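K.L.:
If you want the building blocks of each chain, they are given just below.
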Amino acid sequence: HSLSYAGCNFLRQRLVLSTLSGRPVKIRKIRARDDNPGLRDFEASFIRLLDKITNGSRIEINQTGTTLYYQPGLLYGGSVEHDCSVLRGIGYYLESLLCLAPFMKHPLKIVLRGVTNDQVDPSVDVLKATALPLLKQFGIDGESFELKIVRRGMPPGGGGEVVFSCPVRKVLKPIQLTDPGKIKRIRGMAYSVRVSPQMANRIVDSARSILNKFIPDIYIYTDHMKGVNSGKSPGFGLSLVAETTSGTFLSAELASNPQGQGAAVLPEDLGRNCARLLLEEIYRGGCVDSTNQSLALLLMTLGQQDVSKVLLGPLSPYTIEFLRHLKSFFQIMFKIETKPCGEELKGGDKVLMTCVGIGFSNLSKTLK
Amino acid sequence: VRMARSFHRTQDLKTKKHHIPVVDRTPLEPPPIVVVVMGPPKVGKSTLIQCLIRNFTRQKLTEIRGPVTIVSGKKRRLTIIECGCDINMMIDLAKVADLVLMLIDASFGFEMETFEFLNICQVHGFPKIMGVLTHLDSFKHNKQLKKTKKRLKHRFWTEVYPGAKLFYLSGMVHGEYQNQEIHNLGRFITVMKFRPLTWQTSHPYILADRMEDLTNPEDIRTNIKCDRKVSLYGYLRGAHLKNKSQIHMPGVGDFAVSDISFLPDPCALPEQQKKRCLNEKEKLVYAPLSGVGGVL
Amino acid sequence: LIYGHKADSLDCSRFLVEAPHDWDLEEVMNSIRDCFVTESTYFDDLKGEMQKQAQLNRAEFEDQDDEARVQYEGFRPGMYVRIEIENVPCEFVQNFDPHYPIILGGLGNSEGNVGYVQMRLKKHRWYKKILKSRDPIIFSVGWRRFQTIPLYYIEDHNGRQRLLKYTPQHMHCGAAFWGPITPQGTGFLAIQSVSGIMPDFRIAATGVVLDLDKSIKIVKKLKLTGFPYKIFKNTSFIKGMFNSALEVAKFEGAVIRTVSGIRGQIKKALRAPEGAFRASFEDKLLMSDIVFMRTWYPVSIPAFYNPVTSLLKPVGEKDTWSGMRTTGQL
Amino acid sequence: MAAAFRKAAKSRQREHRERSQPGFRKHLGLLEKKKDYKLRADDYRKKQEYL
Amino acid sequence: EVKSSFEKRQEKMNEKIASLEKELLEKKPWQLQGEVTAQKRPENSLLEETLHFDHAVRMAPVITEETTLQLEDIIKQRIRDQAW
Amino acid sequence: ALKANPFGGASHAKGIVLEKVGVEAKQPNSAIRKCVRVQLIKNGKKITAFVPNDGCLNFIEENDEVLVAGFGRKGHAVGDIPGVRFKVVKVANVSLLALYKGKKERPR
Amino acid sequence: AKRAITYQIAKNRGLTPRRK
RNA sequence: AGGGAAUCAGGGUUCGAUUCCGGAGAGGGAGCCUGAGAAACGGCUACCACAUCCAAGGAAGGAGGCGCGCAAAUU
RNA sequence: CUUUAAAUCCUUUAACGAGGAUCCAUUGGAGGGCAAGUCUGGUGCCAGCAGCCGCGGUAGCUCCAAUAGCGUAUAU
Ligand SMILES: Nc1nc2c(ncn2[C@@H]2O[C@H](COP(=O)(O)OP(=O)(O)OP(=O)(O)O)[C@@H](O)[C@H]2O)c(=O)[nH]1
Ligand SMILES: [Mg+2]
Ligand SMILES: [Mg+2]
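Chains as they are written, first to last, in the working numbering: chain A, 1 to 368; chain B, 1001 to 1296; chain C, 2001 to 2330; chain D, 3001 to 3051; chain E, 4001 to 4084; chain F, 5001 to 5108; chain G, 6001 to 6020.
Hints listed in this document are in silico derivations from the structure and should not be mistaken for laboratory results.
Do not rely on the hints blindly, as some may be mistaken.
What the hints assert, rightly or not - In silico EDC-like cross-links for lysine to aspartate or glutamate, where the CA-CA straight-line distance does not exceed 20 Å:
(1) F/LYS5003 to B/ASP1012
(2) G/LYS6002 to C/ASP2200
(3) F/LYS5045 to A/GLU143
(4) D/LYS3007 to F/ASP5054
(5) B/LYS1225 to B/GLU1212
(6) C/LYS2006 to A/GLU321
(7) E/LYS4008 to C/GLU2086
(8) C/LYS2132 to E/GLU4021
(9) C/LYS2165 to E/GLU4023
(10) A/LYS335 to C/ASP2065
(11) C/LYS2128 to B/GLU1111
(12) C/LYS2268 to C/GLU2252
Take these sequences, add in the hints, and give me the full structure.
P.N.:
Take a look at the structure:
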């Protein structure tokens, strides 16, 4: 029994849920009412990434490219080398791999080549800082669990390289994350490639200017890569991370405009805007950040038939649609209960998400 | 030195207690326990089934077919099924059985079917097993009877865990086993406890009590060979079940469940009261394919 | 809202701010003010965690009604339930027998699919015959009972899986076949014939399921044989291994050895006969010696899966079910 | 009880058997094995060292 | 007469079983047989067989422009340091 | 010094089979090959235990429950390897000798 | 029509070393 | 203050045998009825505490097994 | 038969019941034997580990100690 969908939006989650459930999916009318009707190259690059990291898959593409049929195979790990398209960031592909990493047959050792930092897609600095501790909460922690950035990349040239390694686990542990905690420290990363090193420092004194009143402890790292490590295009940006007592992480990031289009951004404005964006996240703060809401829900459904609870902020349109696909594929329905928090003066209202997992195990892992 | 000896003995006691910690997924209200009766073809399986039923309900049952659910105690119910000598039946019941009663002919001795079923049980998850040996009336209460009991008991202890009980049925008074032996046998079933098996815990399963064909009658007249819609009633066991799922029925094939709905429980446990014994109202027999009283 | 244009849009997992706060007034800053800082053994701790989870599972949905509870956690064990099944074969209803039990087994994820299953297998100690590879056999796995054609192989220390002709008399053995997906760690049982009665023990073999994959990777040993015809001390001229000069060029430098155990190397092709070549050796050869080279050839298994349909039989012949016959019966 | 494990393994005493020359090459002579080659190999090595 | 849905599947299974039973009694092809000489196998058969075998010795290195440049880089370095 | 020993004053201990480190390495020594890693349930410590004979590894799988006893004497019998202080006696409360000789079948 | 057990199953000697 | 105390009998050293008690209570404290002998090993009344049947009005009552994969002489 | 309230048990006693007498004693310790077989390392032909698995085929070796008994682990 194969599911049918229409459109190109939400393409990644439809493919990721299909290979985990094992049920084929049909996609129709991709960018039909457009000058270019067929698939975009970055979507085709994503499909090629799935083919290498699985075994036994069958994929059908129309000559027009308007429809797609995907028959999932078993997940096979090992060493993989991929060249990501420069139109979308590496973090665009890295989210899907983070969902599929623990259920491979062999531990995944993949090196990704493309663009690391971008405005459209989340930065790999954010995923390293925030997404990886969340998987460690589920018990996927290991000595080989790491993200390492070999060289940075900025559009349009790109030229960045990251390596990802994750252990394999038979079953996922349940979690009960109901206390968000209180924010102790703020950590940040300032980077500049193919430009003067002064750009990094001009971002630091603006972000610190706003955030020093709330917290005494803020320290921002500065990174400057030279030579081939710099990439092929100039740019600069800032990523900010806030740590709580309970161990949760909240993040925000911004990047400068590409060389080809857009006016140059003042480094002081970038530092001020990124700090204000982080404060917006704190007003919306929960146990997980807004980007990682969909990742947290997926790992909860794959538990060993136990009740799990998470406290997260306002629901994103991405996560609301993700919840609908979870009911379509895995037939799970969460119980939703909002928290008023009217007089505690934490900020905006929070939503408590609870569910019971479906019986799921790693079928690809080899018993010896 | 006595304290050191006491210290060492406590550690050995702790060692036996150790096992893998696991979340207890047993239901708050358990379903009726599945009890299977098997043996060689003419050992007395069906005669034993009537004796256990008469021990608990006083309700008359004739033409016993399929599973029979009875109330045996304040907090326990039993589903009793007979296992034929056909090998296909032996394989399916071992997957679903919670308690196994094996019948052994003491006069003839051990047979092939007794050992085959033990190998089946070891493969698919070993349930609680109690062996009952009959036909002891052929012996003359002498050295031969005493030695035959010991010979069969030691061989029986190799297949199963040591300490597993063997029950003795001396003889029949009027074609029924003695009431004291049956009552003692029923006491052992009541107080037994069960471990969680791996396959049964992970997968939901149902032993169907009633079947009903739900098709348009005119479709059968048009074509007898048409595919038919079938409704099934039974107790849910093992794990939770979703609305739209794939189920395998052994001997037929794979199917997908269209509609699911719960029903008020028949043969239900009593509301708690401190009466010494259950009256005739509380003792219930549910057997839709067997025929209760006089009606079949 | 959740459970009660947008297409052709960007796949971005970002929460854009519809209405950002000023962050310059003190009242806005005040809203987020509180968010900032102003002897038991290892076995006992594990046991404590399980009890807390056990209490949490039972005491989660007790408030909601049963109809509400079904949507969130499904039908719990201990409920009397009614199941409606469609597309049942007609022979089930007409040939129904109340004595034969009916069991409904819930399937997990991907268990409806088919694939390659690698198993650890040992022939049963009380079975008289042994199992030959590439002969039909019925497996009792999970909920299913089906007949397939398996391959028996043995593991080597380097990791190679080489094909075996027969099941070994006293050892475990790898088994691979094409069939339904089944979770790891489960036991399985082997029979030769469900129909008919046999005086001897009927259980053929027993083991556990190990692996699931889409490729078998099983290989078989293949030897190409040649004979010397001209000898010059170490160097000898070999014929019979190949039949063309193209064949020799593909296998130059291959390690070859004699039955006597002298190791050699293929050096260069010879023109005067069609497929001869020149080979050097450790020591001088005799005319009676036979040379061969060791090669590995991948094998394949047919995809044949025949489930047992004993209930789809008339009432008198449910015991008599037959399928594909083995080599001896043919 | 390591010796007990070895004794159980050596319960069967059938050993692997030797294969003979093929029939169509019988006039050539006996198919030599490692034990046969070692006799002529050591004989040649003995003479060369003396020379 | 009319044929049942289960009976239709049985007919397809029976054809498949018959084909498989033919293969068992048939003579095995030369690839599956061990210890095969050139006479039994057809001409030029191994070219498409894709067998696996081991090589006795390392192949001789191939000279290219890249190896020339790296070697000249080594020579130039010794010249600068007078590392004779 | 009542609790001095690694077994906490007991003569035997129970553990969970983590991996067969000897099998994963491709060395055919048959002394490395019979080394397995288990984690004691009582205290969570990880030790390396010895399987009496090659081919009893086939009976053991990962995540199984085994009984481990001390290795008091005859340590020098194994070929030039340190750390021979533990040995696997039972799996699933069944002795390895009974499984090897074909006197009992492992219950699942 | 009764399938009695063999001598091997009755006495599970198994792999026992042979003695004179 | 389970333990004793005694007793009889006996060739190859006794793996002998038996007997004797300090009282009290009958769901909990009081009151009461008979007989030679009891403030009863048994009835009753009031109070306190439990629990069963019902047509809802009313009526009747006074010890041991497991927790060691293990409950038959509890006959 | 006798026994006993009745029966069982003990003691008597009629008839069958052995050549591979297969009507087949075990536990622990130490050795021998092997192929067109596999792996690893080298000192060309070697060594270690090990060997019911080989091209095709599926219709029950020896010695030592105790003996209806005999080992292992921890503490001593
Ligand atoms: N003498 C004696 N006969 C017994 C005993 N137990 C069962 N039987 C015989 O078993 C017969 C009854 O057979 P069933 O009740 O049908 O038992 P079954 O094993 O289910 O036989 P099937 O129904 O054919 O499977 C009786 O007539 C008895 O002769 C016993 O303990 N002693
Ligand atoms: Mg019957
Ligand atoms: Mg004689």
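K.L.:
What's the verdict on C/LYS2165 and E/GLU4023, does the C-alpha distance respect the 20 Å limit or exceed it?
P.N.:
holds (16 Å)
K.L.:
Quickly compare the C-alpha distance for E/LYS4008 and C/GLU2086 to 20 Å and report which way the hint goes.
P.N.:
holds (18 Å)
K.L.:
Can the restraint linking C/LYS2128 and B/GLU1111 be considered satisfied, given a maximum Cα separation of 20 Å?
P.N.:
holds (17 Å)
K.L.:
Does the alpha-carbon distance linking C/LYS2006 and A/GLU321 stay inside the 20 Å limit?
P.N.:
Distance of about 11 Å is within 20 Å: holds.
K.L.:
Has the given pair, G/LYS6002 with C/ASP2200, been kept, meaning a C-alpha gap of at most 20 Å?
P.N.:
Between G/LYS6002 and C/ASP2200 the Cα gap is close to 11 Å, so the pair holds against 20 Å.
K.L.:
Sort out whether C/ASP2065 lies within 20 Å of A/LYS335, counting only the CA atoms.
P.N.:
Judged against 20 Å, a Cα distance of about 13 Å means the pair holds.
K.L.:
Has the given pair, F/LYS5003 with B/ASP1012, been kept, meaning a C-alpha gap of at most 20 Å?
P.N.:
Holds. F/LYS5003 to B/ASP1012 sits at ~13 Å (cutoff 20 Å).
K.L.:
Straight-line Cα separation of C/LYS2268 and C/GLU2252 no greater than 20 Å?
P.N.:
Given pair C/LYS2268, C/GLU2252 holds - Cα atoms ~7 Å apart, limit 20 Å.
K.L.:
Given the hint that F/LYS5045 pairs with A/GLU143, does the C-alpha gap stay at or below 20 Å?
P.N.:
holds (18 Å)
K.L.:
When you check the alpha-carbon spacing of B/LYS1225 and B/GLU1212, does it fall within 20 Å?
P.N.:
holds (18 Å)
K.L.:
Verify the proposed pairing of C/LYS2132 with E/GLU4021, using a straight-line Cα cut of 20 Å.
P.N.:
holds (15 Å)
K.L.:
Assess, step by step, whether the Cα of D/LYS3007 is no farther than 20 Å from the Cα of F/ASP5054, and give holds or violated.
P.N.:
Between D/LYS3007 and F/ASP5054 the Cα gap is close to 14 Å, so the pair holds against 20 Å.
In summary, the structure agrees with every hint in the numbered list given earlier.
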